[PDB]
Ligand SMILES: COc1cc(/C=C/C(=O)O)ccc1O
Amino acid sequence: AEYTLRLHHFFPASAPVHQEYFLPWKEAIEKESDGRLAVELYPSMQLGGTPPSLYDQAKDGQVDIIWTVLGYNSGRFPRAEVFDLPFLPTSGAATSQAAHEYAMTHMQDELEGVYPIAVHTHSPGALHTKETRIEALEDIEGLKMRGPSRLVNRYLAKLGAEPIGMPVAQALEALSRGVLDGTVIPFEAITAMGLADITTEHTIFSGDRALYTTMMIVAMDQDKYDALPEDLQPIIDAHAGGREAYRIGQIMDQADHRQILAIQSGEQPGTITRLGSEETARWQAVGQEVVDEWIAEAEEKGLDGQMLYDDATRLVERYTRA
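Would you output the structure of this chain only, in the form deposited with this ligand bound?
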């Protein structure tokens, strides 16, 4: 063992991405380097600091690898915010593929200082509340709701909710404390994060697109990568890129399915409310306003909003059809 790679994230060890991606990734790097690389996993922010501080922990070499949400740093990753727009995503797997290709095309300057192992998204975002069953747009009116990013929080406000921004690792405390009525998140880690018995009302939508997702990165310090010897850099490259994005997305999709099945079957308490095509169209109409406003503001910013939105949408459809 010549080099140690400390990987730091904010999820519990029992989270599916830890059990089914990071542990086998560790196994692969340690086997394929013939023990010359060790990977050490640190869940639950166990090397210190705040979820939003994680990106800089890697970029600045306090740790070697982080897993984080780009939207936790408001304004930092403007081109990545395209993947926060309403009804843009499909599956974790397909949208993660689209995110990685999109980021390799458009986000080279945005990600300078990290080697991206995977640029991906989570599985379909859904609405979770403590008490209020969301059966219509009217039911979310005045609910204190948490989203991952300023653009998802903007959609929540437009839908008539009162968004309160914070990292998801802060939601359990805030719900129990009465700050939040609910949160948007995928189902995949809802059991590992212990939210399932607190937010027991869940709402999902009709049709071939999800309410929202958000862009996530497995990012290694560009200095740690660059400092590896020429025969070990390729062990990382062989366990990096679009195929890793797909793999993370697919693990989330699979964990979502197990979790949704467990609620539908009565094995775990809670209700899944499926909004039909007519009700869903009302949410998509609000969503269209967010898309239009974001493209407009991107133009005054000096970003080509329409071009990034068209390439993101094109890539989602391509990887969904495939």
Given for the second form:
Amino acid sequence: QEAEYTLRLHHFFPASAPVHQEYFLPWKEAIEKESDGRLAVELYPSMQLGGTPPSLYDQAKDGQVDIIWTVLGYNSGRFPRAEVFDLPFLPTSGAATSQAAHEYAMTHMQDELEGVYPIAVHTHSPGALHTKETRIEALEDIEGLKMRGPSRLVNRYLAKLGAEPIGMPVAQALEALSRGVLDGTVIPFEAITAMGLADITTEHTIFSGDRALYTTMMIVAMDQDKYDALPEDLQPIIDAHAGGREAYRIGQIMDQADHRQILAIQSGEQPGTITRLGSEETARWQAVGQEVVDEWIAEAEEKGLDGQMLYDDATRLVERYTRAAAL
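Having seen the form deposited with this ligand bound, the form solved without this ligand:
All you get below is the one chain by itself.
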């Protein structure tokens, strides 16, 4: 059939992005086929419909476009309950942490996400430590390093570890590293390569055990008004391709992409070194992490949020979905 509704999906990443190739393309297919063509989905990567990434959330909410994919934290401070997912050593895999974020958001973020229909609230694959020169084999080795963290809480963690955290827009990264304003940065492996950093930051440190350094919360968000305008027999087609199992899948795609990057470095296909810290060393980093958690909880309480309850629920959910997947 001819399209009754055309859903324009807008995001910042290139069409070659794993999520675009492996999630949005099949999402588009399923929506179109299951609606018998009544729903068309048009994909616009690389900000091809205009603006910059901090404007995406409002582009969907305001109905300029129908669906967006974005980082909540691009509007820093806008989603204060979501920030719990930025804490050090909270996440496990992108897949399981994603499923946990979705459920957390459905429980706690109904007002924070008012006006969007959440196709998937998820996280990216957990990040790692990337430096030009310093092989980080112990906590002591990060002391004094100029490191760009990708969130407030990761920068706070960096400062507790004794690094000097430096805030700047993401586009300034490659160049601040090359200019020597920065020693390194904290981001996933897929982001290192896509940013043109794979030959600049050739030392990479990851950790032992069933928790990883950090992630942040992302969303595939539809204008609630557009969802509400769809007929009763088409809304369920969207519902069938929305929710926590979609979030899991997005996270898993991002996990697979980061794993391929690690394999490439380990094989020699890409240059550099991957250092994994042992268990006991990793515990020292987690102990510092716990200080950031405790500070976040206190600050949240001071502002009227039940921070302890939220942290406890985020961590409960991460454990739930990690265990379910391991089985």
